[PDB]
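S.K.: Here is how the chains run, residue by residue.
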Amino acid sequence: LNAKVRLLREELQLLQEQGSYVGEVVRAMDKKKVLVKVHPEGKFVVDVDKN
Amino acid sequence: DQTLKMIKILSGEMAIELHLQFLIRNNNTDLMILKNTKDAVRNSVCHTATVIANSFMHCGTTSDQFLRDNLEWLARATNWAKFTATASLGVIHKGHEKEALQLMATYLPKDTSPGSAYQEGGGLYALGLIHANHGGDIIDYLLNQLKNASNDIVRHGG
Amino acid sequence: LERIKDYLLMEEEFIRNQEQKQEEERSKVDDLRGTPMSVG
Amino acid sequence: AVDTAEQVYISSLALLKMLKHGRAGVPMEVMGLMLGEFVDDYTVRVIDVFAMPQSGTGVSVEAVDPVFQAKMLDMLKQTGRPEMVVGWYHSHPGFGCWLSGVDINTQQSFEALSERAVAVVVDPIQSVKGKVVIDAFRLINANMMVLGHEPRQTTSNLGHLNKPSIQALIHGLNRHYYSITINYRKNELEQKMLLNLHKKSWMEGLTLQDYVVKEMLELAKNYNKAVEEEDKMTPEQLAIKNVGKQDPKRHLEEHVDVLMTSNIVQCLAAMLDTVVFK
Amino acid sequence: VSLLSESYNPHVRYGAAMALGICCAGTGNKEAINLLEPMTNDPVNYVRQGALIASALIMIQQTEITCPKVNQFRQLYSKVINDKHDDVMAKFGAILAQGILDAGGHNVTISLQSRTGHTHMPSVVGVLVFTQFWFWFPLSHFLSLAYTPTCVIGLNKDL
Ligand SMILES: [Zn+2]
Numbered sequence: 052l053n054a055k056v057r058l059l060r061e062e063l064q065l066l067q068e069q070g071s072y073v074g075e076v077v078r079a080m081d082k083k084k085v086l087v088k089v090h091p092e093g094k095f096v097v098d099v100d101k102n
Numbered sequence: 320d321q322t323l324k325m326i327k328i329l330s331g332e333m334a335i336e337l338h339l340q341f342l343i344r345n346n347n348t349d350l351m352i353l354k355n356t357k358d359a360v361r362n363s364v365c366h367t368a369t370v371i372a373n374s375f376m377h378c379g380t381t382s383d384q385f386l387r388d389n390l391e392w393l394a395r396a397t398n399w400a401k402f403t404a405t406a407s408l409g410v411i412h413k414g415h416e417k418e419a420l421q422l423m424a425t426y427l428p429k430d431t432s433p434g435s436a437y438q439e440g441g442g443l444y445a446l447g448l449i450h451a452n453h454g455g456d457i458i459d460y461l462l463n464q465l466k467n468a469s470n471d472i473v474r475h476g477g
Numbered sequence: 065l066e067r068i069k070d071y072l073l074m075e076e077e078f079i080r081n082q083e084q091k092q093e094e095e096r097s098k099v100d101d102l103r104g105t106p107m108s109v110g
Numbered sequence: 024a025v026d027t028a029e030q031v032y033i034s035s036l037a038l039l040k041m042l043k044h045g046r047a048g049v050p051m052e053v054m055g056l057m058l059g060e061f062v063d064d065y066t067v068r069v070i071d072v073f074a075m076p077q078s079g080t081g082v083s084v085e086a087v088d089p090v091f092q093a094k095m096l097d098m099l100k101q102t103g104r105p106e107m108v109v110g111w112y113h114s115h116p117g118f119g120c121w122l123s124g125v126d127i128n129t130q131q132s133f134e135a136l137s138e139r140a141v142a143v144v145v146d147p148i149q150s151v152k153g154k155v156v157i158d159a160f161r162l163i164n165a166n167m168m169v170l171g172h173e174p175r176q177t178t179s180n181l182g183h184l185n186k187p188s189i190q191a192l193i194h195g196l197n198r199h200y201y202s203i204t205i206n207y208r209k210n211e212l213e214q215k216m217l218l219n220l221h222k223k224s225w226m227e228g229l230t231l232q233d234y244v245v246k247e248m249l250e251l252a253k254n255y256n257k258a259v260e261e262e263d264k265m266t267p268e269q270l271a272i273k274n275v276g277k278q279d280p281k282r283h284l285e286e287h288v289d290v291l292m293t294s295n296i297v298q299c300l301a302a303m304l305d306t307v308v309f310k
Numbered sequence: 637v638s639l640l641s642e643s644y645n646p647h648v649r650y651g652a653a654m655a656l657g658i659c660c661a662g663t664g665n666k667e668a669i670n671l672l673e674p675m676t677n678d679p680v681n682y683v684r685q686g687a688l689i690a691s692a693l694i695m696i697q698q699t700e701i702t703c704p705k706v707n708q709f710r711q712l713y714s715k716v717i718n719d720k721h722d723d724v725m726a727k728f729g730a731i732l733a734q735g736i737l738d739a740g741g742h743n744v745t746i747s748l749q750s751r752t753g754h755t756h757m758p759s760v761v762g763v764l765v766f767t768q769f770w771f772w773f774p775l776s777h778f779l780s781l782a783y784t785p786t787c788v789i790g791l792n793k794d795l
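From first to last, the protein sequence lines are chains Z, D, P, X and V.
Plus 51 on top of the position in the first sequence (first one is 1) and you've got the deposited numbering.
Plus 319 on top of the position in the second sequence (first one is 1) and you've got the deposited numbering.
Using the deposited numbering, the letters of the third sequence map in sequence onto residues 65 to 84, 91 to 110.
Using the deposited numbering, the letters of the fourth sequence map in sequence onto residues 24 to 234, 244 to 310.
Plus 636 on top of the position in the fifth sequence (first one is 1) and you've got the deposited numbering.
Next up, chain Z with everything else stripped away, as it sits in the complex:
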């Protein structure tokens, strides 16, 4: 039981990782490429994740 609570804190090491930007997809193209505009910047072609 003590291991579980400390493991939850070990899981909290995840909070350290930086958040990914939030953007809107203008359109999609083939070969795992999508055209997404960044919220305060400009159009970015991005590589899609396996998931």
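Careful, some of the hints might be misleading.
Straight line, CA to CA, 25 Å or less: simulated DSS-like cross-link-like pairs of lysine-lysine [claimed, not checked]: (1) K417/D x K705/V; (2) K55/Z x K209/X; (3) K43/X x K209/X; (4) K793/V x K354/D; (5) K40/X x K222/X; (6) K82/Z x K720/V; (7) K91/P x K83/Z; (8) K705/V x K91/P; (9) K186/X x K720/V; (10) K223/X x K154/X; (11) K246/X x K257/X; (12) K715/V x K327/D; (13) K666/V x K357/D; (14) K793/V x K324/D; (15) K94/Z x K69/P; (16) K83/Z x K715/V; (17) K357/D x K793/V; (18) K705/V x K715/V; (19) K91/P x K82/Z.
The set of hints was computed from the structure by calculation and includes no laboratory data.
Based on the hints, put chains D, P, X and V with the ligand in the right spot on chain Z.
M.R.: Here is chains D, P, X and V with the ligand on its own, set in the frame of chain Z:
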């Protein structure tokens, strides 16, 4: 007579040779399992992992068929893992004892490569593995080789 | 109850729409192109 | 001729000087020279670190002052024992630990000067005693790329090296460089004095007078108990609830330990009342 | 080992998996084999590499009829070697583990205790040095000395 027989039976060296005979005559070793592991190579730890794994499979059998099949793959190992690989060959030949020392002359550094000092150190380490757990003049001879051996590279395994 | 055939036709059409590299040359371009590319 | 997972041992003095100097120059990315010891290829220990005076050029090799190094070394010779510098230590504030083409140009010069040429990258991101943002990097030669970069004779050390792994920004510029493991150098009396100066000094350890106590305690004890009286209603709800389907009931309100510690420690003031004094 | 096998430290879990394998040695306690399987799925590669080798030490002196997962562990070792995605450190000793099970063509097995109950001096030395094999790669050769055969010698006369 009886005195010679009692010394020999107590020594039990012949029994070790009989165990080597049992291994060489009967080994349930599959080359295909080694090949399946061989095909997937990270090219780093895998070369070391495979050479030690085959050495366990052929320990005392003296059947280094896997080493015979691949020459370029064996050459890939760096000078250090190669030192471990020559010691692994000693594990494969760990049964013939004095006969194995004569076999190790074929794998001796002058017979093989003078340039590879780690291979030379590995050969000394392999010689020790073959005669390990046995007290003999060969052990004293290894000590004599150690006196003439290089202070660091040869004595790393010597 | 011929509706099931019609519904199947619509689902099949959506599946068909859903179901609508060079050994060295493409890989070199893939290396040349950045993971993120900005259009200007 | 073969690299290994070598261990860099950072003496406490070198680490403390690096972060303090780095914090002062965090806006201007200050650089310094690391007075390490090349005892053997497998183990490298940085016994001492000294800070170069701020240089306008930057973290570049040109910024390092040859005259300053010679005079500083002479002072080290007269007082205690000097050691040949292992490499350059410097701070990159924008990217915790990272490598740059400008950095490699200085690193190449240090590599030409000696061998290990270790480079350290401390940064402003920090924690009171758990950040260690500092990381150590050594470049890998393009000619050496055909050969295995780091042959390993020891699996466990490679596994310890594997635990840090790589940083995403570092991964972007990782090629042409190899990360080298950094560990704190053995600290004994040095650990003991800070250990003595932690609970006794860094934390409150007056000891002669270490032991509010009866003035605001009555307010705190009444307030926490009031919170419990409202909080205990949730446990009362759970016992009454059939709870055939498991549902959260806001139990474990606790505060029992907090009340227990506060009441007992204040009650322990009886020792001060009749024993510590008369 | 079971309480120690689950712990925050990667080292304590890795050590527990190694410890469980060595005390049982060739023999399998069934509970011991069951405990090893979750250790194989453990996230840390360092713990995973230890679990694969520890299972192999139990696997020598065992056959599919004696233990249900003996083939499954063998299939697992091949699978991790086959999968590129699996960590190079994680796979590390799975190939070595296949060697441990196949040592001497499976003819020899690791036993530290004589039938008389006398401790085997080669067996103890090989296993203790083998734990330091993670610290030093060549110490794997020390494990080779401790490989007692399952064969029986029956000679009416010595010659
Ligand atoms: Zn730099």
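S.K.: Now tell me, hint by hint, if it's right for this structure.
M.R.: Here is how each hint holds up against the structure:
1. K417/D x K705/V: violated (42 Å)
2. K55/Z x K209/X: violated (33 Å)
3. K43/X x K209/X: Satisfied, since the Cα-Cα distance of roughly 21 Å is no more than 25 Å.
4. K793/V x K354/D: violated (42 Å)
5. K40/X x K222/X: Distance ~23 Å between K40/X and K222/X Cα, so the pair holds.
6. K82/Z x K720/V: holds (22 Å)
7. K91/P x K83/Z: holds (12 Å)
8. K705/V x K91/P: The given pair, whose Cα atoms are some 42 Å apart, is violated under the 25 Å limit.
9. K186/X x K720/V: Within the cut-off at roughly 19 Å; holds.
10. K223/X x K154/X: Satisfied, since the Cα-Cα distance of roughly 23 Å is no more than 25 Å.
11. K246/X x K257/X: Roughly 17 Å between the alpha carbons, so the hint for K246/X and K257/X holds.
12. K715/V x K327/D: violated (49 Å)
13. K666/V x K357/D: violated (31 Å)
14. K793/V x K324/D: Since the Cα atoms of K793/V and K324/D sit roughly 11 Å apart, the hinted pair holds (cutoff 25 Å).
15. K94/Z x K69/P: violated (43 Å)
16. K83/Z x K715/V: Violated, at roughly 28 Å.
17. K357/D x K793/V: Violated, at about 45 Å.
18. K705/V x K715/V: holds (15 Å)
19. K91/P x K82/Z: holds (9 Å)
Checked against the numbered hints given earlier, the structure breaks hints 1, 2, 4, 8, 12, 13, 15, 16, 17 and satisfies all the rest.
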